[PDB]
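S.K.: The hints should help you fit chains B, C, D, E, F and G with the ligands onto chain A, whose structure is shown.
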Amino acid sequence: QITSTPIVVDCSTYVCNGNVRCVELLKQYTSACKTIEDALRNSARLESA
Amino acid sequence: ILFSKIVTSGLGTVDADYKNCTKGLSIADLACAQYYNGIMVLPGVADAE
Amino acid sequence: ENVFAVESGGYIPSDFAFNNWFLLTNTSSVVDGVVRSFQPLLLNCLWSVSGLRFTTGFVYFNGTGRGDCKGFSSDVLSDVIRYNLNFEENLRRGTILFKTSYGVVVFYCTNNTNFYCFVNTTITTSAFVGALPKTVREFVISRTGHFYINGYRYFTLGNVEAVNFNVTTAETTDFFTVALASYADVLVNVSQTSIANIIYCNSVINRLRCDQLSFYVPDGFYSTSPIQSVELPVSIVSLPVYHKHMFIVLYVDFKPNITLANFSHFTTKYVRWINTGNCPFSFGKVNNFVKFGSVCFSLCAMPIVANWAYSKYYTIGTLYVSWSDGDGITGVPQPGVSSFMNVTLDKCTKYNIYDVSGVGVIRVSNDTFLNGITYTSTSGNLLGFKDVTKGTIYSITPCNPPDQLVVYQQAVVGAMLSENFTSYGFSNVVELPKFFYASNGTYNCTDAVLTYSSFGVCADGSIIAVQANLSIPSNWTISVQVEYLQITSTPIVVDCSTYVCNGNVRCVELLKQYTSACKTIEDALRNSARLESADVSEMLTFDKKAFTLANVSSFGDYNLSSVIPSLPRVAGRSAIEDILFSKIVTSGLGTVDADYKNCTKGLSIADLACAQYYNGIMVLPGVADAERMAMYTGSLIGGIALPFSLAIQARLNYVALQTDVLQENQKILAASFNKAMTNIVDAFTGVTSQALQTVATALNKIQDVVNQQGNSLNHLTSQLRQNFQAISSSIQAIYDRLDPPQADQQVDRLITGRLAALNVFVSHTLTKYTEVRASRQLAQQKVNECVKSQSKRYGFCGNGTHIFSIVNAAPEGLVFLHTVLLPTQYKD
Amino acid sequence: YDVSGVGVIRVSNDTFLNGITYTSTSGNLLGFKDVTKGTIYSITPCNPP
Amino acid sequence: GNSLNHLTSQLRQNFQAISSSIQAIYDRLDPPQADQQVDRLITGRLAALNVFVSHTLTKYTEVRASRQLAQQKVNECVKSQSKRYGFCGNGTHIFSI
Amino acid sequence: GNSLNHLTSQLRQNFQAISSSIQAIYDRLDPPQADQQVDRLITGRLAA
Amino acid sequence: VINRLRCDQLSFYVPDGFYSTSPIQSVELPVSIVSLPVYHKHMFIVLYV
Ligand SMILES: *[C@@H]1O[C@H](CO)[C@@H](O[C@@H]2O[C@H](CO)[C@@H](O[C@@H]3O[C@H](CO)[C@@H](O)[C@H](O)[C@@H]3O)[C@H](O)[C@H]2NC(C)=O)[C@H](O)[C@H]1NC(C)=O
Ligand SMILES: *[C@@H]1O[C@H](CO)[C@@H](O[C@@H]2O[C@H](CO)[C@@H](O)[C@H](O)[C@H]2NC(C)=O)[C@H](O)[C@H]1NC(C)=O
Ligand SMILES: *[C@@H]1O[C@H](CO)[C@@H](O)[C@H](O)[C@H]1NC(C)=O
Ligand SMILES: *[C@@H]1O[C@H](CO)[C@@H](O)[C@H](O)[C@H]1NC(C)=O
Ligand SMILES: *[C@@H]1O[C@H](CO)[C@@H](O)[C@H](O)[C@H]1NC(C)=O
Ligand SMILES: *[C@@H]1O[C@H](CO)[C@@H](O)[C@H](O)[C@H]1NC(C)=O
Ligand SMILES: *[C@@H]1O[C@H](CO)[C@@H](O)[C@H](O)[C@H]1NC(C)=O
Ligand SMILES: *[C@@H]1O[C@H](CO)[C@@H](O)[C@H](O)[C@H]1NC(C)=O
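Keeping their order, the protein sequence lines are chains A, B, C, D, E, F and G. Going left to right, the first sequence walks through residues 1 to 49 as the numbering used here numbers them. Going left to right, the second sequence walks through residues 1 to 49 as the numbering used here numbers them. Going left to right, the third sequence walks through residues 1 to 828 as the numbering used here numbers them. Going left to right, the fourth sequence walks through residues 1 to 49 as the numbering used here numbers them. Going left to right, the fifth sequence walks through residues 1 to 97 as the numbering used here numbers them. Going left to right, the sixth sequence walks through residues 1 to 48 as the numbering used here numbers them. Going left to right, the seventh sequence walks through residues 1 to 49 as the numbering used here numbers them.
Just chain A, same shape as in the assembly:
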């Protein structure tokens, strides 16, 4: 096996399914999105390089 296929997720769209009020409420979970999607983006970058 040489490579997986990199995946990326988008926090707010997954969690709130696009309800604007839910997204306004998700701001209270400080950095709760950042630390997920960063841990996916950086690994995808490493796999590509």
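Check the hints yourself; a few may be wrong.
Claimed, not checked - Covered by chain C, according to a simulated footprint, are these stretches of chain A (three or more residues, beta-carbon under 8 Å):
| hint | region |
| --- | --- |
| 1 | 6–12 |
| 2 | 17–27 |
Stated by the list, open to error - DSS-like mimics (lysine-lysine), calculated; alpha carbons at most 25 Å apart, straight line:
| hint | chain 1 | residue 1 | chain 2 | residue 2 |
| --- | --- | --- | --- | --- |
| 3 | B | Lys23 | C | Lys768 |
| 4 | E | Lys73 | E | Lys83 |
| 5 | E | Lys79 | C | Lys792 |
| 6 | C | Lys601 | D | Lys37 |
| 7 | E | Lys59 | C | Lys792 |
| 8 | C | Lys788 | C | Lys544 |
| 9 | C | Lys134 | D | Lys37 |
| 10 | C | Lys244 | C | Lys291 |
| 11 | B | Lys23 | C | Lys347 |
| 12 | B | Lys19 | C | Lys434 |
| 13 | C | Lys782 | E | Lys83 |
| 14 | C | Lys583 | C | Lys701 |
| 15 | C | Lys269 | C | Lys291 |
| 16 | B | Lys23 | C | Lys390 |
| 17 | C | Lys269 | C | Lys285 |
| 18 | C | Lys350 | B | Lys23 |
| 19 | C | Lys312 | G | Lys41 |
| 20 | C | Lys768 | E | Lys83 |
| 21 | C | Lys583 | C | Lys675 |
Bear in mind the hints are in silico, worked out from the structure with no lab data behind them. Even for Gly, the Cβ is constructed at its ideal location relative to N, Cα and C.
M.R.: Only chains B, C, D, E, F and G with the ligands this time, still in chain A's reference frame:
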């Protein structure tokens, strides 16, 4: 032959093509079902070419 | 005067110092940190009125009464009025007057009756309200009636039309600025509970910054979903039924008389003096197509509660409902056959199709499925439906699915999309095999900077794919190239008990039942930190004599002045590293230095480094201390010095004998060296396409690497607010409210939450370390292959023919100053 | 101010205008103002690790 | 396939909310109680997402070893004759494609 | 040792459910509510 | 103290290293309260059994 013998899994597609996704002409195939949840399968690094 | 011209669009001019603009709050003002919040900071007017012209003079929220606004004006309804004073007698004398929809209110304060403050009200009555703080200097009123002093909400007046002063200055020096404000939402750099500076969440890039809590943005492919329309048309689809209606109407009358009339479809009506109670539905909201099998109403319990001034509550009665689940009862917005089907295509539309409710864009589809009526994905979202009246199949695509942006030099250059039209103000759209790509570039560029797995984007945003006598150069130029490699991560350790139980002794004594939970966490952290310290400690060799060969005199015409580690300790940091450490903006989210000597001595309120220490998040001292790094790098520099230009000439000789060690060429190459050195120190200090772009990349990568640690730390220290479905977020408050039997049944939720939080944070740590390890091994390899040696491959040690390389300390990392030769000024 | 807790209370020489209760990101109180005298009392937990 | 299905199916469960659809919640109740409903869903979604991250990171670190091995095996047995038995197959190596 | 102990001890916690044991919880309640009770145990055990 | 630590390790041997610990707060504590001024109109509720 290998590419024909190995069968993709209906649990989740692992390569997707987004450009037709928002056109609405048809009910979405599994790739756009995922894409409406923000799961965005990226193009594989090692293209067959 | 620090008074300013507000710019068109209501922006504060970015260099304003805010020297009295307190951040307003209803509670618990913060000490330090980046916050994202709504605040009244979009200004319709600011005018400065000096003591020469203090007069009585009301202001309405419609802006009438305003003075000569400075710089800009607008006539929208402002929501708030902010008064910034400069005269110390403040509100101690004179009075504030207010107009309300049913009377007049006046605020005054008196000591001789400290200044205890009172209100007079006429539809006449008076009330005690509070006491004047030591010096009011800024104060604010909301149109809804909240009154704020020095940022804190003291009382409410209800809705107010206009505000007025019976006030005069003490001296001709004095003036006050009055400004009409409305809410923006903003990112604020708070320090010492002062504002330092802000950014508005206006533009897209500012949306990113406003939702990464980061003033810097790295380069990379950040995703977003564009904001939806504030309003929607409504569509409804139903199965045809035999139509019949019942009104349910609740009548209220009182004096300090509730009745039900007559006490397949139905609807509900309700008709400074209703709550949902324990019912799993809300009166009125029942109309929103909730279902029941049957329903009964009687004078679960919905108490009807009168309020006075939002200050007293009186349960004037209770309505009881009983309901069965099932169908045949639904809300309907209006009261014998055939279903309505008001459906709008293309417009993003709230829908209730077959009692599945959502938002999306409905469209006609060419698909023809004989089975079914609604089609769903595995996630349970509605995808499409069949009009039973016709067999028409419709598809339910959500509006604004996520895009991916390309950010470079803190600008948006390009955007991948799933649709063929431009957006965001970009110019042209090209179709690539799996997506569209909008941008503003023109495709003349030939060299990318970002690599989307298999594509490049160049500075314009143009996507590019990537994969007889001779004109020998007459001369070879030298150039400099920079690599940054991360080499360590600063270990963190958590005291599991003091984090989870906050030190409350009952909680600590409860935690013991969570057998070995804390052990297997803190043990994983400790073991990682040991390994980190050992693996770095072993890597930093030394040799005293080899180091001592390094001195700036001992290099002739090649001016390494900025690299040679400074005279202290064996040494101090060298000038380039000094530049970097001053250049990198330290994170506002998580301080990764520590000093615990001060955290209890208490002379000043705890700064972040102690604030996160009280929860046990003990940042350990770094394993690669500055002095040791300087000593190592010095030993390397003296190693490569080991005549100083004669070794260089030996290399030039090898790469081209007859040209590159001619004395004139030697001198020229010394000049080229000094030039390149100067150009890079220029680029690091402030204001080339294969040179300074390397500097840009290294500064980006370093700022990124700092930022990602700060955010990992802030996740953990921010989950302490989260109440995990318990009565309240503070353990002490719970034990005050409950007897131990119920107290434990509540506190078990906080414990099972916070242990999840730690079992995540440990994962962030251990994966970060495993990413670092590969980098450290690679850096070691590059030390062996390309400073202590001469490279035998292009590219691996700079794009160029190898001559020599140089090593310096940097935030958690090493910088390699490679140098290489390039062909130049060809002759046939 | 209806925040209940345990701590050492100590007068502190730092002075501010804004606000009343000073709190960290974790929501622990770090110090409170005396409205009547303007001294700021810092709050420090007993037995930090 | 299993990893993606698990992730995209956690999205269906109700995590002790009244309903697994956010629009249903905001339709049925009044915002101050609907919020302390929806915070259950939000926490459950975040949990599942943070599991899926760990599936991805483990899969990457497991494949990294295999890739580095494959690059070693090619650097041997195609660019050269092999110099040992067994490493590139039971028998005496000649070449590999 | 500690790894495996931390695994096996999670069964004792009731995860806010009425009881830490499935038989008891399914005995004392009616199925359409015992089921959404035991949901809590399921989710807790999976996270462990 | 070392036994107090062992009781947290659930082990009779404690490998050499650095371990985090916290001393124990005292068994009795002064109550202290601070409040804004308010108009007072105290009421009793007294239940008799
Ligand atoms: C302190 O608490 C009060 C309420 O507890 C906050 O006042 C509320 O502020 C929001 C926005 O800041 C107001 O919402 C606005 O209402 C108008 C109604 O016409 C609407 O047009 C706007 O689009 C927006 O929805 C809200 O009405 C107002 N009052 C209440 C009772 O909610 C105040 O902001 C809080 N202060 C801080 C610093 O948090
Ligand atoms: C947030 O504001 C603080 C000041 O309140 C900034 O800290 C200062 O920043 C300047 C640069 O503008 C440095 O020269 C000072 O040494 C810093 N002093 C202190 C005490 O912090 C901080 O940099 C600001 N944050 C950002 C991202 O700009
Ligand atoms: C504000 O409202 C009052 C009464 O509605 C009116 O007299 C006044 O002229 C208004 N101001 C402006 C600028 O329209
Ligand atoms: C109005 O305020 C004044 C002082 O500002 C006070 O003397 C007077 O009693 C107040 N009016 C009433 C009706 O209490
Ligand atoms: C792109 O170009 C057009 C016209 O040149 C301009 O209106 C638009 O703002 C530009 N956008 C960016 C991001 O450069
Ligand atoms: C796709 O976009 C290009 C330009 O971006 C345009 O010329 C072309 O007509 C579009 N094709 C379709 C099918 O929309
Ligand atoms: C090198 O450059 C610095 C820059 O200020 C200069 O002061 C110094 O004289 C130069 N030469 C040496 C040998 O350091
Ligand atoms: C830490 O304590 C020492 C004691 O001398 C003091 O000099 C230093 O300034 C203190 N640090 C801070 C941030 O107050």
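S.K.: A separate judgement is required for each hint: does it hold in the structure or not?
M.R.: Hint-by-hint comparison with the structure:
| no. | hint | in the structure |
| --- | --- | --- |
| 1 | 6–12 | holds (count 4) |
| 2 | 17–27 | holds (count 5) |
| 3 | B/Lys23 with C/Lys768 | 41 Å, violated |
| 4 | E/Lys73 with E/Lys83 | 12 Å, holds |
| 5 | E/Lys79 with C/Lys792 | 20 Å, holds |
| 6 | C/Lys601 with D/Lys37 | 22 Å, holds |
| 7 | E/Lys59 with C/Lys792 | 35 Å, violated |
| 8 | C/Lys788 with C/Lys544 | 17 Å, holds |
| 9 | C/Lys134 with D/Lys37 | 7 Å, holds |
| 10 | C/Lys244 with C/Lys291 | 15 Å, holds |
| 11 | B/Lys23 with C/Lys347 | 14 Å, holds |
| 12 | B/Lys19 with C/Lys434 | 6 Å, holds |
| 13 | C/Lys782 with E/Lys83 | 29 Å, violated |
| 14 | C/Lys583 with C/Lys701 | 13 Å, holds |
| 15 | C/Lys269 with C/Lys291 | 17 Å, holds |
| 16 | B/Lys23 with C/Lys390 | 23 Å, holds |
| 17 | C/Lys269 with C/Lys285 | 11 Å, holds |
| 18 | C/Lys350 with B/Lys23 | 19 Å, holds |
| 19 | C/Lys312 with G/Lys41 | 14 Å, holds |
| 20 | C/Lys768 with E/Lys83 | 39 Å, violated |
| 21 | C/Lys583 with C/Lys675 | 22 Å, holds |
Checked against the numbered hints above, the structure breaks hints 3, 7, 13 and 20 and satisfies the rest.
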